[PDB]
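Below you will find one chain, with nothing else, as C-alpha cells; this is the form deposited without its partner chain, and questions on how it binds or moves follow later.
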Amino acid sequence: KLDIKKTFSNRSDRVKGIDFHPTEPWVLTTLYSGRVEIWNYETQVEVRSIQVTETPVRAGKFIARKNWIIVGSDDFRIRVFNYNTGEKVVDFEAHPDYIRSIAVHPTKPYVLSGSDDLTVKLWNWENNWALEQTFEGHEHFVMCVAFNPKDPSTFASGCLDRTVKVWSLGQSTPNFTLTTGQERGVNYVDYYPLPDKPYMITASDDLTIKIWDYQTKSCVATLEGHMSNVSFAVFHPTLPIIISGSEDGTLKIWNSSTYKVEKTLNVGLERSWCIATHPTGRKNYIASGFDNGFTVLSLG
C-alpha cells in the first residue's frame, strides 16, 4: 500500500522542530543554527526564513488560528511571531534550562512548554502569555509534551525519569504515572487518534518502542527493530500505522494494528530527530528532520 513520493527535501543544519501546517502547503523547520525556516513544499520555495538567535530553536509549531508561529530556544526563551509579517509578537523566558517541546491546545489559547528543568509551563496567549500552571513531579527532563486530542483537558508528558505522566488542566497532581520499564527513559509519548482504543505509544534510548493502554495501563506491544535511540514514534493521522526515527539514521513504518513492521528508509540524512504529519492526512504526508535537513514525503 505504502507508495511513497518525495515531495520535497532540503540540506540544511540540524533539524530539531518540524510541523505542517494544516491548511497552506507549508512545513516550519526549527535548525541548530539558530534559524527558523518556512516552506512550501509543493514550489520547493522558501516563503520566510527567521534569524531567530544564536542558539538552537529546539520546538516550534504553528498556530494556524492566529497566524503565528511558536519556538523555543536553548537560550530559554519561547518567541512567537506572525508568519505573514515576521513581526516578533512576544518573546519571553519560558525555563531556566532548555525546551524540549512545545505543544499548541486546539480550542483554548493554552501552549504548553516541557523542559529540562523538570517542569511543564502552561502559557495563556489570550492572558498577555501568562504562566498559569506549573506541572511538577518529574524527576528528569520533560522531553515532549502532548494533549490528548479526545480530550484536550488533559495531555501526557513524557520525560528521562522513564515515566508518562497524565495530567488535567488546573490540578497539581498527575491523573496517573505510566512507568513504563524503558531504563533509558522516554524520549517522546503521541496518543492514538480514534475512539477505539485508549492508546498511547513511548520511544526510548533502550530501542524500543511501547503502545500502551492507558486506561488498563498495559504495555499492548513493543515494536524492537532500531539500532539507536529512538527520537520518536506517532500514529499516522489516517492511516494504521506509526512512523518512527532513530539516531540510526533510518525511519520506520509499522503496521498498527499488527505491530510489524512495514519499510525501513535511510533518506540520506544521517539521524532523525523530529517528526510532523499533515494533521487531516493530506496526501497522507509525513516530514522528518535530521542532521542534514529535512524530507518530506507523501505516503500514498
Contents of the next structure:
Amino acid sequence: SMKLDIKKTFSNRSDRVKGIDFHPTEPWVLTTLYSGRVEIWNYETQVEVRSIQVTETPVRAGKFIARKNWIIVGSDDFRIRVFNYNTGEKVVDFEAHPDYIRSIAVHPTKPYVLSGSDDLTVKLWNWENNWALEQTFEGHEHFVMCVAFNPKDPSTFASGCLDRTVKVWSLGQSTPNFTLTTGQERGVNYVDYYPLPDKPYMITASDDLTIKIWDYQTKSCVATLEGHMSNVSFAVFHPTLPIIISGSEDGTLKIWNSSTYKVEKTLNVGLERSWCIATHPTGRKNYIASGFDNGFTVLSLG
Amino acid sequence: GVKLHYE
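Could you present the same protein in the form deposited with its partner chain bound, rather than the form deposited without its partner chain shown above?
The complete assembly is shown below, putting the previous chain first.
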C-alpha cells in the first residue's frame, strides 16, 4: 500500500538512451545515446541546454560532475571524454580500456572516477593527478556492467558483472572485501546502494528476470522481486520515498514497496525497451528519469 | 566476435 502521485514532467523522443543523470542544482537531465550523441535538457523549460556528437559509437555511460561544471562520458570506442557544459570545451579524451565502457561512477567528494568495462576490470582515475590510472581492480570473469560507490562509505564500491557476482572493494586493496554469488544465473546488469544510513542494503538486476536485495553486513539475500517479463536493466532505491524503481526490456517501469517488496505500480511509458535510470540526487520533486529505445521521460512522484 | 549486450 502506498499513495503515488506520478506526474510526467517532460518526455522527448530520441535515439536509444543508454545513460541518464540529473544535475543537482540546475533543472537538467543528461542523456547519452546509442548513436554517439549526448544531450542536456532543461526539463522545466523543455529546451535543450547543449548537445554534442561525441563519437559514432554508443555512449553507454554519462554523469554530471557538477562541482567542476563537467559531464563525463564513456563509449564503445573505448574512450572516456570530459566536456565543460558551460563552454562545450573537451577537457580530456583518453582510451580508458581496451574494450567497451559500460558504466561510470563519480566519487561524492574526491576527484575519483570509476569505469567498468567488457575488459573484465574496474579502473580508478584521479582527475587531480592528470587523470592518472590509480588502480585496476581485477577478479571478475565477464563484462563489468555497473559500478557504484557506497554513498555512506565511498572508500568502498560495488561492481556488478555478467559472471553472476557482485564484488565490493576497498580503494587501495586488490581483492574484494567480499563477493556476492547472486544466484542470478544470466548475470548481473546493475548494482545500486540504498542511500540512507538506516539500512546496509544493495540491489541487483539480471537478465534472469529477477531483482535481489542484499544486506552487505550479513551478505544475505533479503528479498527477490519477480514480475518483469524480460531482461531487467536496472533497479534502484529512491532517495526519499520508500520505493524501488526498476526498468526492463519488457518496456515497463515498476515501482515496488521497499518494506514489503511487492509491486505497487507498473508503467508503460510507450518508448519500448527501458535501459537506464536516474534519481534526482537531492530528491527534488522526487524526480526520476529513465532512458528507452525511443527517448526519455522525467517523472515527478508523490 | 559476438558481443553480448550489444544493444
